[PDB]
Amino acid sequence: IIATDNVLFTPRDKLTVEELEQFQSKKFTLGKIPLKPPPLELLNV
Amino acid sequence: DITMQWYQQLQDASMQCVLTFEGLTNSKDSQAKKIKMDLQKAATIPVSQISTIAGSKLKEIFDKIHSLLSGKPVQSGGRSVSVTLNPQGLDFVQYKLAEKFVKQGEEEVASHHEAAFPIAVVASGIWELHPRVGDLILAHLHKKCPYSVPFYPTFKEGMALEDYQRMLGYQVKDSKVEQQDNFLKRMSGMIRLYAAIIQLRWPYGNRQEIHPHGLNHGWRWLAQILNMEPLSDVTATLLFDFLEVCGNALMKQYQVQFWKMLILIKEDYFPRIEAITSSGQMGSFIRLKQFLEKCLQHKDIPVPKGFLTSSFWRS
Amino acid sequence: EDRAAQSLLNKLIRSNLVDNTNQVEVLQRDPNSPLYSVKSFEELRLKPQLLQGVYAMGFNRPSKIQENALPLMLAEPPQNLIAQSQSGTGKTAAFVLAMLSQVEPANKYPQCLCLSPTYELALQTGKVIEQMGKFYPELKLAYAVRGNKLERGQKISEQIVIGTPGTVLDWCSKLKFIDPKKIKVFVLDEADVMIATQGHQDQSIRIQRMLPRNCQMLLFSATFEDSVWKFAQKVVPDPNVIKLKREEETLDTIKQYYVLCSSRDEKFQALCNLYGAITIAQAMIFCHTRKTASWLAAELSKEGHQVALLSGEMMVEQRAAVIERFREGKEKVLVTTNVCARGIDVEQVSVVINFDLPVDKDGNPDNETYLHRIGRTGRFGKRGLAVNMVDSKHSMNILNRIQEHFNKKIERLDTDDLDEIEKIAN
Ligand SMILES: Nc1ncnc2c1ncn2[C@@H]1O[C@H](COP(=O)(O)OP(=O)(O)O)[C@@H](O)[C@H]1O
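As you go down the protein sequences, you meet chains C, B and F in turn.
Using the authors' numbering, the letters of the first sequence correspond one by one to residues 379 to 423.
Using the authors' numbering, the letters of the second sequence correspond one by one to residues 384 to 698.
Using the authors' numbering, the letters of the third sequence correspond one by one to residues 54 to 479.
Just chain C, with the same shape it has in the complex:
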């Protein structure tokens, strides 16, 4: 009796610093969009 949780977003941790700096930027950089989905903290950046 357990229900798993959602992977819709990726945790802020367990994420490389490259991807972290991409999500934080006002503009994305061509050819370097992160494959993992964004985190819940940087949604409204």
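The hints are simulated quantities; they were obtained by calculation from the structure and are not laboratory data.
Keep in mind that a hint or two might mislead.
Pulled a few chain F residues facing chain B out of the computed Cβ check, cut under 8 Å [claimed, not checked]:
1) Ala323
2) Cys325
3) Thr332
4) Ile333
5) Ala334
6) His341
7) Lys344
8) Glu352
9) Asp398
10) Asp467
11) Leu471
With a straight-line Cα cutoff of 27 Å, these simulated DSSO-like cross-link-like pairs (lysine-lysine) come out [unchecked claim]:
12) B:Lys635 to C:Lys410
13) B:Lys635 to C:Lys414
14) B:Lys682 to C:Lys414
15) B:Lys677 to C:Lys392
16) F:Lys355 to B:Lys479
17) C:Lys414 to B:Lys479
18) F:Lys461 to B:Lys556
19) B:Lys556 to F:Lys208
20) B:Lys411 to F:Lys476
21) B:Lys559 to F:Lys461
22) F:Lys92 to B:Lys417
23) B:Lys643 to C:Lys410
24) B:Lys672 to F:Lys92
25) F:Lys229 to F:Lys208
Which chain B residues stay away from chain F? Per the calculated CB distances, all over 10 Å, these [what the hints assert, rightly or not]:
26) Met420
27) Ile428
28) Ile436
29) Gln591
30) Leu614
All C-beta atoms, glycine included, are put in the ideal place defined by N, C-alpha and C.
Given chain C, put chains B and F with the ligand in place with the hints provided.
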């Protein structure tokens, strides 16, 4: 390779399934053909019945498949049939059911962009109850349309051009080759369906567990397809009819991060196609901009024409 | 019989142009006057409010027939015209555009007059005026047809009139509702059906004869019949002529098959096994008798298969409604019996079924029907499918006969082995 490794996992896992019921297909007895006949029949008719009229009756088809697949007897043409007839049958119906979902997306959804949603919900719902069926869908979906992975087939040495087009998903008889236009639609309808499955959920059933193939696979698809050089006509086409179908659901989920992606392709990835595409093939790339110029300034991506509404679910 | 109803239905269901690859023939009054050709609406230099309405209703550039018709009609001096092009090429939108160019809404009296064969068709033509001319404030429309109640001493103030042939004559001739000498443009829409009534032909000419000589005379017809062409010359003096030959349809891309069956219950069992054998989206079934069609559709519905039934008793608008749903994907199978027998421009039709063979009166093969039924499915390179149900040796005799005329093989399909049925639609 993370994707290519995962890509192979599903493919060879399907090949295992091709072999597990090996002998059900390869049988020539009058009974052995009839059993293969009645199963392939009472397992694909309901999928072809999927209609836009009302979710009120779209539940019959869903129940008829769940019963069929769960082992229960199903009212087929004349006599009722089930899987208990043959033990290697279960693993067979799961194969034919999965292909028909992509096949219905190959022909109907290509022609009819709106039929994608009433078909997907059923697929997304069966995916929940029986995960093994979903891997089989992802198996066929990937093969017939490798652009859904997404990965572009590269050109290996030795210019067997006819041999290469086959890998690109073109359907070619020994003598015949498929036209681009009859091919482009075949692939649109395949990813319009895929773009629909990742955002839709079966309303009924009381399932506290989440979507099997979540909307995360939509982000990676856009990310992974925009980090590689675009094909001339294929990319600018598939990129469009993916956003029209799933762009609304991605804008709500990844509110800002998604917009960042869009402001990129518009000023950074659009130049990447203007040179690649010749003047005789700019048709797709033009729709792709007419799609953004509205959405970019309107701050809103329209709901996909044909989305199942509250009325549809009551009737 | 009743070509107005066929036209009316074709109007309600037509959503866009019918593609045509043929080139347009032009036969100008002065043979050496240069040819008038245009490729965009900007070139014609239309009034701003008009060009506005053109772009408003979804038109990007002139259609093939319009590329030559519009400049010829807008040219000075006013040059008459006789245009021949199949239904759906943009004939109506052409003369509506020409009308709205000559009207000057400041003058409150009829300046443009159109003759439509019936009340219903007049309405459809009227709707196009209202759309394209939505940016002409104070511009109104008057319907001069039977049923329109009017009293003496009243005077039409509308700048455009549309009506049936028999009543428009009364408007100008006796009741003095219109002064013909102010009419600047005159249209006779759909002459191919106008001639179907002997009364209409004479009433239309008498009207044409009350008009001035500087009045621009225009006539349009879907068919190139001789009875039409002989009738058009009497109506349009010193006419230019524009022709666009009807788009031919072929079986280059379709695969023809047939199935032998002992009876009708077998034709139904044969039909069931086909489902699930291949990827069939939607499909049309043509039947011989209404008694059988209602049975099939009922039998098909019994299986839980969702179906649409088209029968003759249904009203015209009712027929359109079912067809619309079919296009919208509400229904996946359309069973019909001589109602719209030629084949509908549904896009999602994976297969055409001939539960009973296209039979002409007298018991001959209806090749035009067979062609049109299937020609729609695979035009311009698309792929299509065909299946013919044979229930007797007489029906079989007809089948080879069709195979003769087209000289293309209708192979046999055995419905017992699914493995064989999968091969054809791959
Ligand atoms: N230039 C155009 N561009 C786009 N659609 C058009 C154009 N002209 C007509 N249509 C559309 O095509 C359909 C058939 O128009 P058309 O005038 O009306 O037929 P017909 O030649 O039988 O009178 C209508 O739905 C109309 O809106």
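Status of the hints after comparison with the structure:
no.: 1; hint: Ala323; verdict: 11 Å, violated
no.: 2; hint: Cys325; verdict: 5 Å, holds
no.: 3; hint: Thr332; verdict: 4 Å, holds
no.: 4; hint: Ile333; verdict: 6 Å, holds
no.: 5; hint: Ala334; verdict: 4 Å, holds
no.: 6; hint: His341; verdict: 24 Å, violated
no.: 7; hint: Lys344; verdict: 23 Å, violated
no.: 8; hint: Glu352; verdict: 11 Å, violated
no.: 9; hint: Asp398; verdict: 12 Å, violated
no.: 10; hint: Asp467; verdict: 12 Å, violated
no.: 11; hint: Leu471; verdict: 5 Å, holds
no.: 12; hint: B:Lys635 to C:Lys410; verdict: 23 Å, holds
no.: 13; hint: B:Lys635 to C:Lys414; verdict: 17 Å, holds
no.: 14; hint: B:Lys682 to C:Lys414; verdict: 24 Å, holds
no.: 15; hint: B:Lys677 to C:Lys392; verdict: 37 Å, violated
no.: 16; hint: F:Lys355 to B:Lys479; verdict: 24 Å, holds
no.: 17; hint: C:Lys414 to B:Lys479; verdict: 33 Å, violated
no.: 18; hint: F:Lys461 to B:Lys556; verdict: 20 Å, holds
no.: 19; hint: B:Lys556 to F:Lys208; verdict: 71 Å, violated
no.: 20; hint: B:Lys411 to F:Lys476; verdict: 18 Å, holds
no.: 21; hint: B:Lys559 to F:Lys461; verdict: 18 Å, holds
no.: 22; hint: F:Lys92 to B:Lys417; verdict: 61 Å, violated
no.: 23; hint: B:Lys643 to C:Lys410; verdict: 13 Å, holds
no.: 24; hint: B:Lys672 to F:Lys92; verdict: 24 Å, holds
no.: 25; hint: F:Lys229 to F:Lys208; verdict: 8 Å, holds
no.: 26; hint: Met420; verdict: 5 Å, violated
no.: 27; hint: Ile428; verdict: 5 Å, violated
no.: 28; hint: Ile436; verdict: 5 Å, violated
no.: 29; hint: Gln591; verdict: 31 Å, holds
no.: 30; hint: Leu614; verdict: 22 Å, holds
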